[PDB]
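Enquirer: Residues per chain, in single letters:
Protein chains: 2
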Amino acid sequence: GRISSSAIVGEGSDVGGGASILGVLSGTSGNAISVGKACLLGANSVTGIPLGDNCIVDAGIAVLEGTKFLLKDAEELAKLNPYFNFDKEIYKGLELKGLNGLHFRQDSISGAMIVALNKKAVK
Amino acid sequence: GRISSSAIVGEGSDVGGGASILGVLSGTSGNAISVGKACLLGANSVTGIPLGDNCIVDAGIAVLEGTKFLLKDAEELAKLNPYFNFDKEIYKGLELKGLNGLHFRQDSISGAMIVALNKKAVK
Ligand SMILES: [Cl-]
Ligand SMILES: [Cl-]
Ligand SMILES: [Cl-]
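Quick mapping for you: the protein sequence lines, in order, are chains A and B. Numbers in the UniProt record's numbering are just positions in the first sequence, counted from 1, shifted up by 257. Numbers in the UniProt record's numbering are just positions in the second sequence, counted from 1, shifted up by 257.
Please keep in mind that the hints were generated in silico from the structure rather than gathered at the bench. Positions of the beta carbon are idealized from the N, C-alpha and C atoms, including for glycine. Only true hints are included.
Below, a sample of chain B positions facing chain A; criterion: calculated Cβ distance under 8 Å:
1. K345
2. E346
3. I347
Using the sequences plus the hints, can you model the full thing?
Expert: As structure tokens, then:
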């Protein structure tokens, strides 16, 4: 897939067929996008935020700065991300930037965008 | 409708046919339920939390301590409820207790439970 200027992809990551990684976050002090180690970006996905290590974006999913996600697995994600405040239920893409062990997926019954634990990231 | 022991209903309120108002909130320091002035509780609704003034519970809706609601009209609700923090998008019934101008309804297309502005409460 496509790595825009300023975007950095970490060791062991897999950028799937036709995936997009955008380069620079929106705004005036909009910073560069980095994807961490061992991230898996699905075919035809779009990654518009920085991701930490061991994150998964399912095929077809667009993870943009303003996309809202329903958080699942808060207790396990807290362990991988001890400074982050997992107090609420809905987060914008931009709020989740740089976190480790995230799994972005769509609930195929309800249609909701979810941010959950990458089960492999605990181990 | 049905007013349980410890429940108080304020002036000008209308308790619709078969509505339930519960009396005491759950737990050990579980406090009594009060509905404020000019509240409208729909037929066959259930009110399980304290409500402030000018609140509306649509017919058929159950507003329980643990029910989650999607907040709409945050800026206008902030005006009626200046100390409350409308920072997030999803609130449990119990978190919303005692607030003024709330309108509890169901989104009939998405099926989501909503807490919104009672349009009459601004005026
Ligand atoms: Cl393509
Ligand atoms: Cl009845
Ligand atoms: Cl929320």
